[PDB]
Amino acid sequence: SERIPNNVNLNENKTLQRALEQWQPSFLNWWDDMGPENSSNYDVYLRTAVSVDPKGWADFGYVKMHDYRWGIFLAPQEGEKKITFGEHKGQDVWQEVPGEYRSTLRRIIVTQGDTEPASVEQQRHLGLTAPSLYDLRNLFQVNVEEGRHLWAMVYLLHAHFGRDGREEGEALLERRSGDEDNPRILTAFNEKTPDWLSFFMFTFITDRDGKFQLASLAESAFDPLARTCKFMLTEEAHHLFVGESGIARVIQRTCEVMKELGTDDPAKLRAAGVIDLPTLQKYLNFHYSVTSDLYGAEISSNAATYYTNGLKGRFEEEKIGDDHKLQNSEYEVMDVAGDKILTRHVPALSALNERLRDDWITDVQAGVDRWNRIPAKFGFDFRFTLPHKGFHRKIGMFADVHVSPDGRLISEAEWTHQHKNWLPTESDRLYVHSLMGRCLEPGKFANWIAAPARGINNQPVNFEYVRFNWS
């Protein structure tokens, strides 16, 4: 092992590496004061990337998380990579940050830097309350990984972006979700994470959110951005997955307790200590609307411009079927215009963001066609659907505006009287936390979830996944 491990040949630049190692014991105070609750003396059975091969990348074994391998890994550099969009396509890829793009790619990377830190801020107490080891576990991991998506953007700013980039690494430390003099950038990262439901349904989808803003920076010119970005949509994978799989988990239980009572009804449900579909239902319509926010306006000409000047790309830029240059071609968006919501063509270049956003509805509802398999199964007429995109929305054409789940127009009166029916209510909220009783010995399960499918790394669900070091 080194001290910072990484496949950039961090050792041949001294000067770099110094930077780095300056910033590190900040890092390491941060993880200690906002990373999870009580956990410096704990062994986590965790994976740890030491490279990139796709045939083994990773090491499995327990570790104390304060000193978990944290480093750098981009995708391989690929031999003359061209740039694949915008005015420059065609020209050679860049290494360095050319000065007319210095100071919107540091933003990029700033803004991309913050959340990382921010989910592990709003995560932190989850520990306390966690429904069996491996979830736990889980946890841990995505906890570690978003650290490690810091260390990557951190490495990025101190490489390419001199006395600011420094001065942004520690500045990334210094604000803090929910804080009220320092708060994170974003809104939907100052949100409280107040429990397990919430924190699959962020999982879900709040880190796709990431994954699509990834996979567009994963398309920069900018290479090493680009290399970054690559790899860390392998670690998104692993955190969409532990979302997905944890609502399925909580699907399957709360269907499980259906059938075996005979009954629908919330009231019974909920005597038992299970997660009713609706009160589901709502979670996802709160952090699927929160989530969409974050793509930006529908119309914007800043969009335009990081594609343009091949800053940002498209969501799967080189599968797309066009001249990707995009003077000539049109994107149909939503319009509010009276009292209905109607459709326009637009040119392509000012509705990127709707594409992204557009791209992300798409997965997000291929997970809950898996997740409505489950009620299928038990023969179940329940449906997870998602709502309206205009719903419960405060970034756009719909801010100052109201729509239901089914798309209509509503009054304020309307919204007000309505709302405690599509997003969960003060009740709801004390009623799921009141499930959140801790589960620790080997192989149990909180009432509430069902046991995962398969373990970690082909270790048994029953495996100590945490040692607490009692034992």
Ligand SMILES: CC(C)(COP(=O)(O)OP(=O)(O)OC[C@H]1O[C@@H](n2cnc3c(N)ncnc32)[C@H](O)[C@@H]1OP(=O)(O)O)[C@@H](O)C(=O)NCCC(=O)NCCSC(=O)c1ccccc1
Second form
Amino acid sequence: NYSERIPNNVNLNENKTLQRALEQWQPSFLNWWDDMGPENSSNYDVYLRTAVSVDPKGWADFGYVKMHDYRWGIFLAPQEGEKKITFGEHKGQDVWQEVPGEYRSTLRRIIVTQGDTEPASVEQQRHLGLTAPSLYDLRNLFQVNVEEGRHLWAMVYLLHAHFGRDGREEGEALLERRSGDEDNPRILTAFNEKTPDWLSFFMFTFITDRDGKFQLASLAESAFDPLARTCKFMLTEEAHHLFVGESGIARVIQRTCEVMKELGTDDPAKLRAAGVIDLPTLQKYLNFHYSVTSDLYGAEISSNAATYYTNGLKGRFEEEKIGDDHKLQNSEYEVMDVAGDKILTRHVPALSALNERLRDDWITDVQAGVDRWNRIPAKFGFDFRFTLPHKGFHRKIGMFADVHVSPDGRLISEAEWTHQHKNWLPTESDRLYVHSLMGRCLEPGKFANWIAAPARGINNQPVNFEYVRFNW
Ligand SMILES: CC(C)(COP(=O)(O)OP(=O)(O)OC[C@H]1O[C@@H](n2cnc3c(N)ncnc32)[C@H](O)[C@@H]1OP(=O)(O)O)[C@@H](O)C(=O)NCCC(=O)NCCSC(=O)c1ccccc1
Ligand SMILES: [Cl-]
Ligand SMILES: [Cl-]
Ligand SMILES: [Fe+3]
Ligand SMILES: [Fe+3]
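For the form deposited with the named molecule bound instead of the form solved without the named molecule, what are the coordinates?
After this comes the whole thing, all chains and molecules, with the earlier chain placed first.
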């Protein structure tokens, strides 16, 4: 009987039924945010960006707000006159403003899946704030959290506007599942794991948000133009999430590098006696997050992924730049093949291999970031370089699900895996050591010993700016 205004650029107030249904959902979102959102944050004033438009020349306001009061809203890319579908059997036909009946349940399931990862990530990350290495980093965490939240609103809008009764019902159930719960877990495995320390947070935003970039880019070409327009704008916001992850780790590497030079050493035990995260341990964290995330792209060879492209529901990454016929009935793609005791390659029909193409696009983007990290050790004259493990290492989805592959690409026995994987994935004692460094640091402009200062602040504010005010 008091209803918050929902900001949007979709003219929500013109469609009273849709406005009332979303208002009916809002209090439940707020209840979920208060219980599963960032712990103890109810009174904090945080310096945050809030979307107020979709102009690529200034679409966000920056100012202090309490997160429970954050102005979540619905923002789609601008509609385009007579926009056409650009791939699949529907190529050249007009885009859709409502979902065709034959595609309803598939498109709904895609949209639900995407929506579910959003509150999941917040649930995984809600305790991080208590051990934040700086007010800068606490603010970045919170910004990622409020945006995760807006991405739930984004999908819930679509479910209500375009999927009828079950759409409403999906929206409620999106707040009823919980990451790691035994009875109602979240949908994807990776979104039921713990994010137990800030090193994992930075790797998750560097690597796992990037799956989000590539899935969202694929949906941004959807023939279902309301979904396309939603996803286009989500990609604009997700770029900052990828920067938090990439620069986080860069900053850890820098610090470790600094201490290697100052102590004149390489010895991990001496480096840990100084409270830095040694580069080989970092490499295991990269191995873990990379491999686990890679599974999210799905089976390398897939009939479903074929139908999603042919039917026009999900494009390829940067579909419009690709120089083929955008239908693919006579196209090929090269994938791996487990060939007895060897890993070989083989060509398969392109339509059947779309999940592998998207995985490969994602690998290339991760490698470009890893190349940028490796400038730091090079700067210092150190030999160490970060690498990506072979794509079959530590997989549970697809052709490698049942075998073991070492980071360097060898098929290995079950016993070689049990005795060697400690060199490749974080051990219990690695995880304990990383955890022992996680002390909160909250005075303006001070940074915990395990991570260097960032290059600049946020929204032209200084590095020492009071980015969270606590009202203790
Ligand atoms: C492409 C996927 C990912 C998977 O497609 P599907 O069709 O479901 O699966 P396939 O194409 O692999 O199916 C091939 C076949 O393999 C079968 N199979 C066997 N075992 C399994 C098994 N154990 N598990 C699964 N499948 C298994 C399967 O049944 C099928 O069998 P048949 O061939 O019929 O015999 C789809 O979910 C999609 O487009 N999602 C939308 C985008 C999305 O995910 N967005 C989230 C991005 S993150 C982000 O936003 C964010 C990040 C950080 C913070 C916040 C946010
Ligand atoms: Cl569904
Ligand atoms: Cl074996
Ligand atoms: Fe997101
Ligand atoms: Fe994100």
